[PDB]
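> Can you build the whole structure from these sequences, using the hints too?
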Amino acid sequence: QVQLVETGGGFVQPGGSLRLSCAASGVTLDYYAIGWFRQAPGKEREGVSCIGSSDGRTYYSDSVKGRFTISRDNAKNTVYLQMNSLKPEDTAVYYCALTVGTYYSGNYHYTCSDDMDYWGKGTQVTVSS
Amino acid sequence: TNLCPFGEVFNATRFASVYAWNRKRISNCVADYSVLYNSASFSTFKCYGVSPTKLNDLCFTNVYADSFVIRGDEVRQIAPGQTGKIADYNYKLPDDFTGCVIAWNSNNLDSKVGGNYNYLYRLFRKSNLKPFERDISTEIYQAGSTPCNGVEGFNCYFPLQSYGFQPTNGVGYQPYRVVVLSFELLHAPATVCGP
Ligand SMILES: *[C@@H]1O[C@H](CO)[C@@H](O)[C@H](O)[C@H]1NC(C)=O
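Residue numbers (my numbering), protein chains in the order written: chain A, 12 to 140; chain B, 114 to 308.
By construction, these hints were calculated from the structure, which means they are not laboratory data. There may be inaccurate statements among the hints.
Straight-line C-alpha distance at most 20 Å; calculated EDC-like pairs for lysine to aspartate or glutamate [unchecked claim]:
id, chain 1, residue 1, chain 2, residue 2
1, B, 239, A, 126
2, B, 198, B, 208
3, B, 198, A, 128
4, A, 54, A, 126
5, B, 225, A, 41
6, B, 198, A, 126
7, B, 243, B, 297
8, B, 239, A, 125
9, B, 198, A, 125
Partial selection, computed: residues in chain A whose CB lies under 7 Å from chain B [as the list claims (entries may be wrong)]:
id, residue
10, 39
11, 40
12, 41
13, 105
14, 111
15, 112
16, 122
17, 124
Just so it is clear, CB atoms sit at the ideal spot from N, CA and C, and this is done for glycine as well.
Structure, rendered in structure tokens:
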């Protein structure tokens with residue numbers, strides 16, 4: 012009975028600051044990988060970032076530019092993302108999803124792919140001049 | 114009779130993963146499949162090419178057993194002559210394949226409260242594999258067009274990932290142990306028959 016909720020929707024002129032919060036409830040997995048996927052009307056689905064819960068390593072694309080800061084509150088089991096330098100092509104609906112981890116030869120690797128097991132109601136972000 | 118080794122593959126404490134399934138060969142003994150057929154421990158048993166009561170009469174040269182563990186929904190999906198997500202990367206069935214699979218639920222045998230499991234299977238691959246082919250390489254798959262110089266991360270995604278079974282999971286996520294029996298006939302005298 013895993014439930015995901017996304018909050019932090021806001022509309023403002025480019026160049027501001029934005030914050031997104033993903034909260035998960037009823038999670039029975041000790042370790043998981045939590046990722047953000049954005050989708051906009053008229054364009055396909057692509058992943059931007061996803062982090063592992065074992066220690067906190069992150070995987071991201073080339074569009075991050077270092078402005079995406081992601082923190083994992085273990086006490087509240089929350090994912091908090093803060094960003095600046097608003098980009099017009101980043102306006103979309105964001106969905107946060109967690110997937111099971113991967114164990115191999117005593118090492119932890121996370122598979123963070125398009126196919127997903129669970130989904131949640133993401134938040135819409137639209138920024139324009 | 115002749116001490117057929119059917120009590121070493123079907124009912125064992127540990128089974129290998131799906132991507133590297135356990136392969137065993139059976140021959141040089143006479144067996145009675147009537148007892149095995151009339152077993153309630155098997156979730157499903159139905160296939161083509163032979164009748165359950167005709168197994169004893171017909172003589173086969175070799176038997177190949179491929180044992181592994183798959184999900185509940187993957188039991189119905191796997192079948193010869195069809196294309197699927199798991200069938201195109203881990204286990205392919207020939208069109209003229211002789212034999213079939215036997216699946217049984219083992220939720221009590223293999224269950225954990227939480228954590229990652231030792232079973233691995235692949236989500237991405239370069240292309241389809243030939244039928245009855247086993248792959249052992251665990252190299253990264255270059256999903257993106259731009260090369261990453263062989264560094265784990267974006268566009269060089271790791272294909273293998275675990276199951277994460279749970280006792281409270283649905284009927285489709287239950288751990289199902291599957292053994293595939295294939296009858297192979299060659300230019301050799303038959304070695305397996307019935308009483
Ligand atoms: C192992 O399982 C088989 C079912 O295929 C059963 O016939 C056999 O008696 C079992 N062995 C033991 C020792 O329980």
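> Evaluate each hint against the coordinates.
Comparing the hints with the structure gives:
1. 239/B <-> 126/A: Satisfied, since the Cα-Cα distance of roughly 17 Å is no more than 20 Å.
2. 198/B <-> 208/B: 17 Å, holds
3. 198/B <-> 128/A: 15 Å, holds
4. 54/A <-> 126/A: Given that 20 Å is the threshold and the Cα spacing comes to 17 Å, the pair holds.
5. 225/B <-> 41/A: With Cα atoms ~11 Å apart, residue 225/B and residue 41/A stay inside 20 Å; holds.
6. 198/B <-> 126/A: At roughly 11 Å apart (the allowed maximum being 20 Å), residue 126/A and residue 198/B satisfy the hint.
7. 243/B <-> 297/B: 18 Å, holds
8. 239/B <-> 125/A: 16 Å, holds
9. 198/B <-> 125/A: The given pair, whose Cα atoms are some 14 Å apart, holds under the 20 Å limit.
10. 39: 6 Å, holds
11. 40: 6 Å, holds
12. 41: 5 Å, holds
13. 105: Check failed: Cβ of residue 105/A comes no nearer than 18 Å to chain B, outside 7 Å.
14. 111: 3 Å, holds
15. 112: 5 Å, holds
16. 122: Nearest chain B Cβ about 4 Å off; hint holds.
17. 124: It holds, given that the least Cβ distance between residue 124/A and chain B is near 6 Å, below 7 Å.
Going down the numbered hints, you'll see the structure goes against just number 13.
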